[PDB]
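Novice: What follows is the residue order along each chain.
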Amino acid sequence: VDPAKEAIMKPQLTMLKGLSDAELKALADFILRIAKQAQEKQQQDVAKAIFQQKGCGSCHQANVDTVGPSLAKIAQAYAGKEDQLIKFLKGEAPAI
Amino acid sequence: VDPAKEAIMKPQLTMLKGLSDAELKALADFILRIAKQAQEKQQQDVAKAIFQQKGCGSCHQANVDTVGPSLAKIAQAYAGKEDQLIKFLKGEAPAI
Amino acid sequence: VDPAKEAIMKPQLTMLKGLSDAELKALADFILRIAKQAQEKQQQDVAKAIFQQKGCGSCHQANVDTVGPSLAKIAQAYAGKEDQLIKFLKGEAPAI
Ligand code: HEC
Ligand code: HEC
Ligand code: HEC
Numbered sequence: 130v131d132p133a134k135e136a137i138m139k140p141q142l143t144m145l146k147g148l149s150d151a152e153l154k155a156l157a158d159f160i161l162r163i164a165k166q167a168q169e170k171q172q173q174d175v176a177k178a179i180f181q182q183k184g185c186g187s188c189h190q191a192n193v194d195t196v197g198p199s200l201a202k203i204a205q206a207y208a209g210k211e212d213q214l215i216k217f218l219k220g221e222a223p224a225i
Numbered sequence: 130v131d132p133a134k135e136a137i138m139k140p141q142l143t144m145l146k147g148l149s150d151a152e153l154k155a156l157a158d159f160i161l162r163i164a165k166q167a168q169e170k171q172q173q174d175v176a177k178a179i180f181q182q183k184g185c186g187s188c189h190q191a192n193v194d195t196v197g198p199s200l201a202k203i204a205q206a207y208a209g210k211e212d213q214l215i216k217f218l219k220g221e222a223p224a225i
Numbered sequence: 130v131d132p133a134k135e136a137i138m139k140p141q142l143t144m145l146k147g148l149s150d151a152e153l154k155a156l157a158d159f160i161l162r163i164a165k166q167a168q169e170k171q172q173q174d175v176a177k178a179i180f181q182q183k184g185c186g187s188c189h190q191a192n193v194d195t196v197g198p199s200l201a202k203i204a205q206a207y208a209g210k211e212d213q214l215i216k217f218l219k220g221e222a223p224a225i
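Chains A, B and C are the protein sequences, given in the same order.
Numbering of the first sequence is given in this note's numbering, commencing with residue 130 and proceeding in unit increments.
Numbering of the second sequence is given in this note's numbering, commencing with residue 130 and proceeding in unit increments.
Numbering of the third sequence is given in this note's numbering, commencing with residue 130 and proceeding in unit increments.
Isolated chain A, as found in the complex:
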């Protein structure tokens, strides 16, 4: 640690006094997990908005074929081929 930064943080540990072991365990779990969970939600919200706004959802339902194949069908075809999927989305790789 940078001692000057520790000097800012160390005093804030007093704010956790009186919490139970269970509370501190939950807090530690949260500290370890929240950043990835928040990032994934942010990215998925961005994706969902694009998918609806650009018109994709008009032909692609999650689990039923309509005008186009379901997203289940698409996901099956591109399982383990995300690089190729991105290339398809960019117009660089033809449809499978």
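Check each hint, because a few of them may be wrong.
When chains are identical, the list treats them as one kind, so a pair holds in a single copy or across two.
Unchecked claim - Derived pair list, reagent style DSS-like, types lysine-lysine, alpha-carbon separation capped at 30 Å:
1) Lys154 / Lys139
2) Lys134 / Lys146
3) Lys170 / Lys202
4) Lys146 / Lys210
5) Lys210 / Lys170
6) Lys154 / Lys134
7) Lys170 / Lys183
8) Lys210 / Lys134
9) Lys202 / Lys146
10) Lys177 / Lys210
11) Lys202 / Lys165
12) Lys165 / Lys216
Since the hints were derived computationally from the structure, they do not count as laboratory data.
Following the hints, position chains B and C with the ligands against chain A.
Specialist: Positioned in the frame of chain A, the structure of chains B and C with the ligands alone reads:
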């Protein structure tokens, strides 16, 4: 691909022009994951409604024993035995 | 099973009559998964409230460094060291 179906889809790739690599990565992640996530939510909503409406929740809380064992206790007993659990629910297998 | 407890439960299986195999599969999935999911939500709500109420969020954003390091940065440093993280939170282990 069916060329006649490609003729419908290929033009829609123009709707993704101007999006960043990060946006396209999020979109691809979404395409790969959403169908399973949507199906699991749909199924879990169906299950939760049955569980409450049929009266199960009156005797079975998630993590505390009341009239009957907690769902944690039940899940422990049936861990790796979902086929047997379904048979129990149907009246075909006696309680453990 | 305790026969006296089976006598309470067995009759309630009549409440599942007329449900499809798919409905019963969803119900069994729910029975197997809900207790852990409910416990984890309860714990994470407790943690989130502590984190905000005690002032931690004023210096620790999820994915950007501000006054203090991001929670992503913290999680990286403490990956596989949750015991040490808890000890740090208690004032027992110095910062890394
Ligand atoms: C909005 C920009 C989108 C996105 C992200 C996708 N589509 Fe479509 N699509 C349609 C049809 C008839 C097909 C089958 C033909 C084919 O497979 O190319 C498709 C297919 C796809 C795929 C799979 C590509 C592959 O390798 O097979 C993907 C990833 C995909 N789409 C994404 C039909 C339509 C529409 C009907 C008018 C509209 C609108 C869209 N698609 C829009 C999008
Ligand atoms: C609503 C239809 C439900 C569902 C899906 C379940 N129950 Fe009960 N239950 C009760 C008691 C006292 C016991 C212990 C006796 C026993 O174990 O059989 C149970 C047990 C269960 C189990 C576990 C079965 C096993 O193998 O042990 C399962 C899967 C289960 N229940 C599901 C008591 C009650 C009630 C009190 C009046 C009511 C209502 C229900 N149960 C309803 C349901
Ligand atoms: C509210 C009680 C909290 C909790 C749970 C944490 N902090 Fe902070 N913190 C700050 C600075 C400048 C640093 C860097 C110095 C250092 O690393 O010690 C930190 C660091 C942490 C860590 C990492 C500990 C380590 O081993 O490096 C953890 C787990 C942590 N914090 C938790 C700055 C601040 C504040 C600015 C005034 C406030 C308020 C907090 N922190 C509050 C908390």
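Novice: Compare the structure with each hint and give your call.
Specialist: We went through each hint and held it up to the structure:
1. Taking the shortest alpha-carbon separations for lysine 154 and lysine 139, only the intra-copy value of 19 Å comes in at or below 30 Å, while the best inter-copy value is 39 Å.
2. For a Cα distance limit of 30 Å, the shortest separation of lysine 134 from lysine 146 inside one copy, 21 Å, qualifies, whereas the shortest one across copies, 44 Å, does not.
3. In this assembly of identical chains, the alpha carbons of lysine 170 and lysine 202 lie at most 30 Å apart whether taken from the same copy (23 Å) or from different copies (18 Å).
4. Only between protomers do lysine 146 and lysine 210 lie at most 30 Å apart by alpha-carbon distance; the minimum there is 21 Å, versus 50 Å within a single protomer.
5. Taking the closest pair of Cα atoms, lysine 210 and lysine 170 come within 30 Å of each other both inside a single copy (22 Å) and across two copies (25 Å).
6. In this assembly of identical chains, the alpha carbons of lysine 154 and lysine 134 lie at most 30 Å apart only when taken from the same copy (24 Å versus 36 Å across copies).
7. For the identical chains of this complex, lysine 170 and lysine 183 are neighbours both inside a copy (20 Å) and across copies (25 Å), given an alpha-carbon limit of 30 Å.
8. Taking the shortest Cα distances, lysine 210 and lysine 134 sit within 30 Å of each other only across copies (21 Å), while inside one copy they are farther apart (44 Å).
9. Taking the shortest alpha-carbon separations for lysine 202 and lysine 146, only the inter-copy value of 24 Å comes in at or below 30 Å, while the best intra-copy value is 53 Å.
10. Only within a single protomer do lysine 177 and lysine 210 lie at most 30 Å apart by alpha-carbon distance; the minimum there is 20 Å, versus 35 Å between protomers.
11. Both within a single protomer and between protomers do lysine 202 and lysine 165 lie at most 30 Å apart by alpha-carbon distance, with minima of 28 Å and 11 Å respectively.
12. In this assembly of identical chains, the alpha carbons of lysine 165 and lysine 216 lie at most 30 Å apart whether taken from the same copy (25 Å) or from different copies (23 Å).
Violated hints: none; the structure is consistent with every hint.
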